[PDB]
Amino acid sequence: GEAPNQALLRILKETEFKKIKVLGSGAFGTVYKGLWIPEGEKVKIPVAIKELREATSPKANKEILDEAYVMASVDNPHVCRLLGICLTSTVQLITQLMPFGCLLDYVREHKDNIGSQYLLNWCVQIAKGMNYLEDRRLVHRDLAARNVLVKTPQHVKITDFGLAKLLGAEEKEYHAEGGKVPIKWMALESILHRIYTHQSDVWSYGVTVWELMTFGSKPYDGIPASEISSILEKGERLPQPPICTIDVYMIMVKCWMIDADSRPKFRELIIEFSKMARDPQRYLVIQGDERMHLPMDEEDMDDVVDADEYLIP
């Protein structure tokens, strides 16, 4: 069968954490910011510390440690990695501090200062992260703008491995059981049949790109989740965002095709968005795109792609 997972689960003493201040609480438990000073070494590492709503539940530590397992096994610049766990009564997961927060809130707060270059770069980076997960045979099952974090405005990473599952070594799908799920980011075949593939993640990527291009709009705003599968069966989809050229919207629509193998692959999404990122104003139309601030080969140029963006399976 599958190859041995030789990742290191690092256990971190509680005396190594300092300046602990709360970032947010409620639905996802409680998230703190802090500093991590490892024992012998003269370094201070900004970190975020996650932990469920106080509690001591045996059902809860099972899910937390499933997340830790996945998050400890990933090493990519566009995926968040687990630094370690701390073994308090409910288990604490420790990761890198992402000072700018989640990408959904970032695009909402900075609507009027986000240029086309940033939007298309984020799309590339998210596609790189997702392609990496695909190479590790992992199906995320919860890709959305709320689950992308911002290290800097130039550098985002995918997070939230709570729902992630391994698509088998010889197998090509996953069949799920009960729980709560985000209907509005899900492929049709996931809603009806609980089938989950790399290609169901591509659907979710489409919806994530739509959220970014609409500067944080709620998909299918007003429509209740029980209606969504009927809407999608009729052939309705999310509308073309104001800023989007047909080129960009056509990529989104391809992610929402009924036949899953007709959707783009993450590797192709990397290529397409990377091309668009070299001439951003040709693909997104944003008022005041020159005045945007945040903290002969010319015949060839159309289809030029750097080798770093041309990825082999």
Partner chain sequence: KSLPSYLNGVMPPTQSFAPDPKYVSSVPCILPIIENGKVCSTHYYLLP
The other form holds:
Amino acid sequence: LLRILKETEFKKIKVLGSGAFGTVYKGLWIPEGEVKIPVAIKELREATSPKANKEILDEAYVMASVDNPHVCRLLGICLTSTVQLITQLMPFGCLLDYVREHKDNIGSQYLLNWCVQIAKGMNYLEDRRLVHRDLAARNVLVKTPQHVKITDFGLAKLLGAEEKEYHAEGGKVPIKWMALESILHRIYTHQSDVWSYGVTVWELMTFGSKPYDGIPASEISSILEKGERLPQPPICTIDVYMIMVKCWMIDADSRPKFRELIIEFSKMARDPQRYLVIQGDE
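Show the same protein again, this time as the form deposited with its partner chain bound rather than the form deposited without its partner chain.
We keep it simple here and write out only the one chain, dropping partners and molecules.
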């Protein structure tokens, strides 16, 4: 069900970004007996163990099969000396950039619907037994300003039949998005994804602020243990903020579940002005 692509089938037109994971390209895909399809091409550059490659693949089989409006399907994969994930291009780009650059074109309706859409997508993956491990606004993509999609850059994990946890080996990691148990113990679960959902949501409501701004990531585990958390966004009523905060409870199982997050944000989205007060959105 997952398409294995030959290198001849596709070409990288442009660089779109780099990072720990590797590099993203603007690209063009020609399927074999054909149409040109504008695609993104993620080239993973971590020198993988066998353990690591097996894990990426398993994640890839799942992503290939996804059929949900709010998650990007893996269109194909090209394994050589490097893994390349091929995916439909989103020209609008990522949601972090959008809220920074187009703050003024964003009301309460847009924001709570984004919250629902991400929850739905994240719930879909949880039903697929996939720990995403990398939810941030830097990895939610805008199909269109009403419709947003979650993606992966190879870091997600499929949990086996009787597994609740994934224990990571050490790597380059987004400290300020991570749940505390992922930093102290490198443990990743659906509930640690919930934590990072909260942070994602904070970013949206603060129109792209840098979380824990001016506190070095080295100090994050401390301040969390002492009960410090991201502050209440200016536009947020208490009802919304308290939802975000519950995601950052110390006990992972006590946090909300994406199911509850959908139902909750969906109610709010039927009367947005009640729950987010944004200037000029009256």
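Just so we're on the same page, rigid core means the largest C-alpha set that superposes within 1.5 Å between forms. Residue numbers count along the first chain shown, from 1.
With the core fitted between the two forms, just one of 276, 269, 255, 70 shows a Cα displacement of at least 2 Å, namely 70.
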